[PDB]
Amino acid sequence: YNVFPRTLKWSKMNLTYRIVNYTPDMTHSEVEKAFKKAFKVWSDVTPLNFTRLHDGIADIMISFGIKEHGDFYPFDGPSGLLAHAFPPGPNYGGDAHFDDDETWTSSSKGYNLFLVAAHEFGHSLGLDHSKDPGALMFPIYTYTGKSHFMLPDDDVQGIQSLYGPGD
């Protein structure tokens, strides 16, 4: 027998991801680097392992799009909704979608891709929004100035309550 899992989490540590397409706003390299760092934010404090896929179906499918892009959450043009991700689960579960009507950056201009990605992947991995205004999983985008990124305590605690700490 088997009752459904008790919280939306991944029942495995090895996850894969795939950059289906790219934004016109940043170089391919910049985008790969942002996504890589965004995943490292979570793998650094957990036993989670992220392997990149070039083709095929990955657990976490990453795509850029505008307006209607193949689900019940169409984007809205510049500003407003920036991106979204589905919680752990089959098919669409874990997938992260980015509104390519935003201006995506590696800087303080427009919206920082690394930042929104890191936040969205919190969702992909089982985290909902935080009520702590300093948390990465706080609902509203904040850029606090480019520095060494250290995952806030609240987010470390949240992801650790699901997957444990890293070795």
Contents of the next structure:
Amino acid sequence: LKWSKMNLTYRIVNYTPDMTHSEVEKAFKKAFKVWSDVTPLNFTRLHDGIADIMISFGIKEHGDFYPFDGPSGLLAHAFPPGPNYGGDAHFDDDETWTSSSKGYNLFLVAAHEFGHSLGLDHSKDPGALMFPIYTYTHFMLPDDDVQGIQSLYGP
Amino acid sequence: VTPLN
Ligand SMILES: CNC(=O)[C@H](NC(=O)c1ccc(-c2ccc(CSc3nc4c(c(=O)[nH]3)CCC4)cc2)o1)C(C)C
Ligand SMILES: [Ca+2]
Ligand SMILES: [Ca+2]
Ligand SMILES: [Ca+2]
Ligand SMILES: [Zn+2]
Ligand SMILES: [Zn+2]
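What does the same protein look like in the form deposited with its partner chain bound, given that the last one was the form deposited without its partner chain?
Below: every chain and molecule of the assembly, starting with the one above.
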């Protein structure tokens, strides 16, 4: 699945206890720039109303009947392109979100989630951003991910 | 549609 428009909006609906608003905003902006740097996609942030990509933090059952599982295990999830929940990204706040090597790095997980938000599935390449298993190694988007997103949207 | 982790 794929967006049929190149100009997308996002809204940060709420914030984790774990980080300042400024650090959350910085991580998400950097994560969208990963994808906008290698496609014609553009992302603009909204402070109210409906955005294409609605982003929120929650625990257990948080509104969509795909519940999170407490600390560890599932980290986050995102819906493929489409209306309503399509594109939206949810983060499990029973994890500890950071801008460091500790806990789970919000930038890295967000960049992966936004890959799903844009229509990418998982990669079998263990070095890819879209590999299903999280590890923590200046960020450079791996070549499998560049190839994958450009197949949908071009350079 | 089931979201992906
Ligand atoms: C069903 N999945 C799960 O239960 C958990 N995973 C998730 O819930 C989940 C949500 C998002 C991600 C995820 C996010 C980012 C990555 C890539 S990590 C990474 N990617 C890269 C680098 C790096 O240092 N680290 C450098 C270049 C690319 C992988 C998985 O995992 C986990 C126990 C496997
Ligand atoms: Ca969890
Ligand atoms: Ca949406
Ligand atoms: Ca937390
Ligand atoms: Zn959810
Ligand atoms: Zn994933």
